[PDB]
Amino acid sequence: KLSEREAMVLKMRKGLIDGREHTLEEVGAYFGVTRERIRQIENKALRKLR
Amino acid sequence: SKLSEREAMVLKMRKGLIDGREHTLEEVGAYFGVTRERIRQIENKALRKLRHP
Amino acid sequence: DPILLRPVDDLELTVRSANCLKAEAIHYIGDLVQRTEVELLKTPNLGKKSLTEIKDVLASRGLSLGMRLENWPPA
Amino acid sequence: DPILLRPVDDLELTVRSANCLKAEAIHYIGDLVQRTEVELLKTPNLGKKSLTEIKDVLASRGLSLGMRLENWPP
DNA sequence: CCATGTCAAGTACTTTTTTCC
DNA sequence: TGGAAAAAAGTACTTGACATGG
Numbered sequence: 304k305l306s307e308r309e310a311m312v313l314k315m316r317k318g319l320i321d322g323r324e325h326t327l328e329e330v331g332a333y334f335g336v337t338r339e340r341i342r343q344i345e346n347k348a349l350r351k352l353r
Numbered sequence: 454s455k456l457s458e459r460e461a462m463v464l465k466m467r468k469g470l471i472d473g474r475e476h477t478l479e480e481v482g483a484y485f486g487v488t489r490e491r492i493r494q495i496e497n498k499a500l501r502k503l504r505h506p
Numbered sequence: 230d231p232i233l234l235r236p237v238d239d240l241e242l243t244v245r246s247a248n249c250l251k252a253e254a255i256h257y258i259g260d261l262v263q264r265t266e267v268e269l270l271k272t273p274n275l276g277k278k279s280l281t282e283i284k285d286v287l288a289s290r291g292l293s294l295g296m297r298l299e300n301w302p303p304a
Numbered sequence: 019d020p021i022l023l024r025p026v027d028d029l030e031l032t033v034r035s036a037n038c039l040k041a042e043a044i045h046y047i048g049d050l051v052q053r054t055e056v057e058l059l060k061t062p063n064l065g066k067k068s069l070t071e072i073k074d075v076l077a078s079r080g081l082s083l084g085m086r087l088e089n090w091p092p
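Protein chains in written order, with the working numbering: chain A, 304 to 353; chain B, 454 to 506; chain C, 230 to 304; chain D, 19 to 92.
Possibly wrong hints are sitting among the right ones.
[As the list claims (entries may be wrong)] Calculated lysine-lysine pairs in the PhoX-like style (CA-CA distance at most 20 Å, straight line):
| no. | chain 1 | residue 1 | chain 2 | residue 2 |
| --- | --- | --- | --- | --- |
| 1 | A | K317 | B | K502 |
| 2 | B | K465 | B | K498 |
| 3 | B | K502 | B | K465 |
| 4 | A | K317 | B | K455 |
| 5 | D | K40 | D | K60 |
| 6 | B | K502 | B | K455 |
| 7 | D | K66 | C | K278 |
| 8 | D | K66 | C | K271 |
| 9 | D | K40 | C | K251 |
| 10 | B | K502 | C | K251 |
| 11 | A | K317 | A | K304 |
| 12 | D | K67 | C | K277 |
| 13 | B | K468 | A | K347 |
| 14 | B | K465 | A | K347 |
| 15 | C | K251 | C | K277 |
| 16 | C | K251 | C | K271 |
| 17 | C | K278 | C | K251 |
| 18 | D | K73 | D | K40 |
| 19 | B | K468 | A | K314 |
| 20 | A | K317 | A | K351 |
| 21 | B | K468 | A | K317 |
| 22 | D | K73 | C | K271 |
| 23 | A | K304 | B | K468 |
| 24 | B | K465 | A | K314 |
| 25 | B | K498 | A | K314 |
| 26 | B | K455 | B | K498 |
| 27 | B | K465 | A | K351 |
| 28 | A | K347 | A | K317 |
| 29 | C | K277 | D | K66 |
| 30 | B | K498 | A | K347 |
| 31 | B | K498 | A | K317 |
| 32 | B | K465 | A | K304 |
These are calculated hints, taken from the structure and not from any lab test.
With these hints in hand, go ahead and build the complete structure from the sequences.
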């Protein structure tokens, strides 16, 4: 039940993309957003699953 | 995506991508009926699979 | 070629195949295409199937064995 | 000579080959080069490829089989 | 502690090779 | 020649020991 963007980010952060876990910094650069936003999204997606 | 059904599963398990909770090797193994060792071995393999696609 | 300089791992070969190659001072697909089909079958642990596989995957990307190259390598 | 006295392991042979040799009271390259190509093929588990390998790796270092040596061994 | 992760080998089954008739 | 059948390489999984940070 996660949006395209939400899922992406966790695969990013968790390395589920290229085996490498990515700092907020890098993922932010990818979607063109601030590290803050990423985290906020990550966490939101995490809450969505529990 | 070139990862087997199992391989993928495990990383979502381990990374919590299932229920927001990251699972110790113990639990996932218990789930697949295997030893923690095996799980790790599979994780790392699937990890290596994505560094070299 | 641009694909000639790439590492052999880009071939996603089987373990057997891979191991034989790393055991054979073969790192770059360029080093590889220069080796004749025969010169390979000599290499240990490399049999028909491995050989066969390799030909197929080189073919799947335009390449074949025993190719004659010049100006080799680039470092 | 200096490379004749070395252990056969310096040849970095395959396991198969290796095992055959240790199964054959062959420890030193000197012992080896004295064995005829034919005398080898008889040895169990040693076949074309194994034989072949060995010839090539002996050649890669100046050596061939069936060599007639003197003052051998100790 | 002490639970989880990591390492080094170790057993046991499948696939490929390689001998050899 | 070609094919059964030994031996080796590989692949799945276990085990017990260790470290280590949580």
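Taking the hints in turn, this is what the structure says about them:
no., hint, verdict
1, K317/A / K502/B, "15 Å, holds"
2, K465/B / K498/B, "14 Å, holds"
3, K502/B / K465/B, "15 Å, holds"
4, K317/A / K455/B, "17 Å, holds"
5, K40/D / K60/D, "15 Å, holds"
6, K502/B / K455/B, "8 Å, holds"
7, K66/D / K278/C, "18 Å, holds"
8, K66/D / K271/C, "10 Å, holds"
9, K40/D / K251/C, "26 Å, violated"
10, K502/B / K251/C, "18 Å, holds"
11, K317/A / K304/A, "18 Å, holds"
12, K67/D / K277/C, "13 Å, holds"
13, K468/B / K347/A, "16 Å, holds"
14, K465/B / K347/A, "17 Å, holds"
15, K251/C / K277/C, "18 Å, holds"
16, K251/C / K271/C, "15 Å, holds"
17, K278/C / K251/C, "18 Å, holds"
18, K73/D / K40/D, "17 Å, holds"
19, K468/B / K314/A, "9 Å, holds"
20, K317/A / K351/A, "16 Å, holds"
21, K468/B / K317/A, "6 Å, holds"
22, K73/D / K271/C, "12 Å, holds"
23, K304/A / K468/B, "17 Å, holds"
24, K465/B / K314/A, "9 Å, holds"
25, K498/B / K314/A, "17 Å, holds"
26, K455/B / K498/B, "12 Å, holds"
27, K465/B / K351/A, "15 Å, holds"
28, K347/A / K317/A, "15 Å, holds"
29, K277/C / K66/D, "15 Å, holds"
30, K498/B / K347/A, "29 Å, violated"
31, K498/B / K317/A, "15 Å, holds"
32, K465/B / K304/A, "15 Å, holds"
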